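Trainee: Take a look at the letters that make up each chain.
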Amino acid sequence: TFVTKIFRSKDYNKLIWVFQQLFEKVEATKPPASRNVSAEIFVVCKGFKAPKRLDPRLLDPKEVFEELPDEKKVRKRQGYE
Amino acid sequence: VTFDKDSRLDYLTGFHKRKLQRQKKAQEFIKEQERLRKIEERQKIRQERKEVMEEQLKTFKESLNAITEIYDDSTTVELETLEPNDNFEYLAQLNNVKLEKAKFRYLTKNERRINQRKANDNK
RNA sequence: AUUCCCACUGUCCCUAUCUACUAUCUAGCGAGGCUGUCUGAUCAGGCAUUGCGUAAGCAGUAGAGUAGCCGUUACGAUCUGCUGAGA
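Those sequence lines, one after another, are chains w and 5.
Quick note on numbering: the first sequence equals residues 155 to 224, 237 to 247 in the entry's author numbering.
Quick note on numbering: the second sequence equals residues 29 to 93, 144 to 180, 212 to 232 in the entry's author numbering.
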């Protein structure tokens, strides 16, 4: 069982997806000991699948955090194509 | 296991269709349960009315007290009786059928309540 | 109830301007356009706590459509000209 603490941010769902890929049940929580103002969340993962041939590209941060594809218009601060 | 882009896009891009699908399923389940409880309510009402009607009848009862014929010319005549009043058969069949039938929470509840109040009064 | 994502904002960087009300003294006493609505209609105006750049009029045979006949009465939004005019 893998128990970790994650700071909630825009890159929080990708970690959950990877954990679901490697674990049979993944679930997050916030124990009362952790202060409510803090953004930390404790996620546990039970039922390790233990693959015979794990994908090294699955645990590589270079592509785990791949960015999602996309009148006084909204300020263009998302870069260019 | 393998790392596939389609699964990660399906998981990340969603989070909203899944919630509305769950809401639709819950709503239709609630509607089905309501229709059920309604029909069993109908059952209870009909049974009450039938029982009171039978009791009324019972308590009023106490207060009460093809032939074919051949001729010599080889010609045959067919004679069948007819029933113009069909009520006799209906009452007889009613009498015949009547004869035939007869979750986990972290802390203590007190501590949980204090924590909830301390979180609530701040806002 | 709490935490993260996007969008917005005078909350702030960082204040500035306007309206209403208030405060002061004196006499006496004294602890151009639009919505709604109204002037019978245009024109021109009033009200709704600023409510939220081409005039009036005339003409055209051009003009969505309303209204006369099987070349043709009339009404007519809109558009064009007098008109960078009118105020």
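Don't take each hint at face value.
30 Å max Cα-Cα, derived DSSO-like pairs, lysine-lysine [said to hold, decoys possible]:
1. 179 (chain 5) with 164 (chain w)
2. 242 (chain w) with 206 (chain w)
3. 200 (chain w) with 212 (chain 5)
One side of the interface only, derived from the structure: several residues of chain 5 facing chain w at Cβ under 7 Å [to be verified]:
4. 29
5. 30
6. 31
7. 36
8. 39
9. 40
10. 92
11. 215
Keep in mind the hints are simulated off the structure, nothing from the lab.
Positions of the beta carbon are idealized from the N, C-alpha and C atoms, including for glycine.
Trainee: Does residue 40 (chain 5) pass the interface hint, meaning its C-beta sits closer than 7 Å to a C-beta of chain w?
Mentor: 6 Å, holds
Trainee: Hint residue 36 (chain 5) vs chain w: min CB-CB distance below 7 Å?
Mentor: 6 Å, holds
Trainee: Given the hint that residue 179 (chain 5) pairs with residue 164 (chain w), test it: the Cα-Cα distance must not exceed 30 Å.
Mentor: Violated, at roughly 72 Å.
Trainee: So, residue 92 (chain 5) near chain w? Judge it on the closest CB pair being under 7 Å.
Mentor: 74 Å, violated
Trainee: Should the hint that residue 31 (chain 5) touches chain w count as held when the rule is a Cβ pair under 7 Å?
Mentor: 4 Å, holds
Trainee: Run the distance test for residue 200 (chain w) versus residue 212 (chain 5): straight-line Cα separation, threshold 30 Å.
Mentor: Distance ~19 Å between residue 200 (chain w) and residue 212 (chain 5) Cα, so the pair holds.
Trainee: Below or equal to 30 Å on CA atoms is what counts here, so check residue 242 (chain w) against residue 206 (chain w).
Mentor: Outside the cut-off at roughly 46 Å; violated.
Trainee: Interface hint check: residue 215 (chain 5), Cβ to nearest Cβ on chain w, cutoff 7 Å. Holds or violated?
Mentor: 5 Å, holds
Trainee: Taking 7 Å as the limit, does the beta-carbon of residue 30 (chain 5) come near enough to a beta-carbon in chain w?
Mentor: 5 Å, holds
Trainee: Residue 39 (chain 5) was flagged as interface toward chain w. Is the shortest Cβ-Cβ separation under 7 Å?
Mentor: This interface hint holds because 5 Å falls under the 7 Å limit.
Trainee: A closest beta-carbon separation below 7 Å is what the hint needs, so does residue 29 (chain 5) meet it against chain w?
Mentor: 4 Å, holds
Consistency note: the structure conflicts with the earlier hints numbered 1, 2 and 10.
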